[PDB]
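**Q** Throw the hints in and build the complete structure from the sequences for me.
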Amino acid sequence: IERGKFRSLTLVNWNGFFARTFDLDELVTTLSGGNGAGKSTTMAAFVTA
Amino acid sequence: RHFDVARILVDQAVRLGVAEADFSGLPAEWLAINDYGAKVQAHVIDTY
Amino acid sequence: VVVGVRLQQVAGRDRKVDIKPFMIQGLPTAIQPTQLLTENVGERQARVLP
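Protein chains in written order, with the deposited numbering: chain G, 2 to 50; chain S, 393 to 440; chain F, 100 to 149.
Errors might be hidden in some of the hints.
Derived DEER-like restraints, expressed as beta-carbon distance ranges [what the hints assert, rightly or not]:
no., chain 1, residue 1, chain 2, residue 2, range
1, G, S9, S, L401, 35 to 45 Å
2, F, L106, G, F7, 29 to 39 Å
3, S, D403, G, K6, 22 to 32 Å
4, G, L25, S, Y428, 38 to 48 Å
5, G, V48, F, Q108, 16 to 26 Å
6, S, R393, G, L28, 17 to 27 Å
7, F, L135, G, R4, 17 to 27 Å
8, S, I425, G, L25, 15 to 25 Å
9, F, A110, S, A405, 18 to 28 Å
10, F, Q124, S, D438, 20 to 30 Å
11, G, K6, S, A424, 19 to 29 Å
12, S, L401, F, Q108, 29 to 39 Å
13, G, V48, S, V410, 24 to 34 Å
Please keep in mind that the hints were generated in silico from the structure rather than gathered at the bench.
Don't be surprised by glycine CBs; every beta carbon is placed ideally from N, CA and C.
**A** Laid out in structure tokens, this is it:
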């Protein structure tokens, strides 16, 4: 009960993200843009964290 | 229609310059933009 | 609970990277991660602190 939740992700001095933060949704955190927008870089930042 | 609206607006607004406060290290807040609970996180676009 | 990793581009012919994990507990709910890691120096663009 009362499962813990990821609330925020932060990328510092990353290519395309100097001081970026994403507020992580409880169910659906969808990140979208043009191709090559660093989207893969965002998932990479999370996973390497 | 509001969601369909918002995307269309954003896809336009963001292309015009970028927000300078984004690099201050201070996250923007989720300003409400209508009833029913819709919110937008956005720094003020300043540098065109 | 905040968790995180420091990263650094290791100089060399091969594009290497060095990583260091860390954790923080008891942080005030108000303070955002960016503030802790970034120094809002008088310059337009904030610094990132080791």
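**Q** Taking the earlier hints as the rules, which of them does this structure contradict?
**A** Hint check: 1, 2, 4, 9, 10 fail, others pass.
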